[PDB]
Structures are given as C-alpha cells and as structure tokens.
Amino acid sequence: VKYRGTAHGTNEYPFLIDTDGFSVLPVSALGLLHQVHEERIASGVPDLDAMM
Amino acid sequence: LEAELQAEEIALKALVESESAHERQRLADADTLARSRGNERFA
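Line by line, the protein sequences are chains Y and L.
Under my numbering, think of the first position of the first sequence as 1, with each following residue one higher.
Under my numbering, think of the first position of the second sequence as 1, with each following residue one higher.
For reference, chain Y alone in the conformation it holds in the complex:
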C-alpha cells in the first residue's frame, strides 16, 4: 500500500504458502526477451511435416 523512498509494484499479487514458504510469481515480471533457434521439430505425422 505504501513504501516511501522509491518505486515499487502497486498491483495485487496472488501468492502461495506451500511446503517451502511464501511464493510470489508476479505477472509484471514477464517480459518479451526470448532467444530464437533455427532447427525444427518433427510432429510424428510425416504428411503434416511435408506441409511446411
């Protein structure tokens, strides 16, 4: 609700008390910084793979 002196998150963040303790996995920490690969993955349907 308040934290004087700096910026912080201001939304409500669902969390979990589980076997190891408090756990918060905020959705605001998800970015769009992935890495891309050039291989391909076979489907197990050789006909479908031929469509690409």
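Simulated from the structure, these hints should not be mistaken for laboratory data.
Built from N, CA and C at the ideal position, the CB exists for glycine as well.
Hints should not be assumed to be uniformly reliable.
Claimed, not checked - In silico negatives: residues of chain L with every beta carbon more than 10 Å from chain Y:
1. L1
2. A3
3. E8
4. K13
5. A14
6. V16
7. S36
8. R37
Unchecked claim - Now the in silico label distances, taken between C-beta atoms and shown as ranges:
9. Y/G44 with L/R37: 22 to 30 Å
10. Y/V24 with L/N39: 45 to 53 Å
11. L/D31 with Y/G31: 45 to 53 Å
Assemble chain L onto chain Y, guided by the hints.
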C-alpha cells in the same frame, strides 16, 4: 468419287489432330491444377 474420298481423308486427319490437341491440353490443365494444390513448393 475420288475427290470425295480425298475430302474424307482430310476430315479423318483433322479429327485425329483435334483429339490429340484435346488430350494434350487436358494434361497441361491437370498439371496446372495439381500444381496450384500441391505441397511441392515446400520440398
């Protein structure tokens, strides 16, 4: 009568030519259609 039979021969010729052309054009059209629907372009 000879002139008549020569005319008939020419008619036979023209008919065979037309049939051959029709066979050819159907094969070309079938190949075109099977191209525009095939997955070759991705091999």
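Hints, verified against the model:
no., hint, result
1, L1, "holds, 64 Å"
2, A3, "holds, 62 Å"
3, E8, "holds, 54 Å"
4, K13, "holds, 47 Å"
5, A14, "holds, 46 Å"
6, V16, "holds, 42 Å"
7, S36, "holds, 15 Å"
8, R37, "holds, 12 Å"
9, Y/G44 with L/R37: 22 to 30 Å, "holds, 25 Å"
10, Y/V24 with L/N39: 45 to 53 Å, "holds, 49 Å"
11, L/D31 with Y/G31: 45 to 53 Å, "holds, 51 Å"
Comparing the model with each earlier hint shows no violations; every hint is respected.
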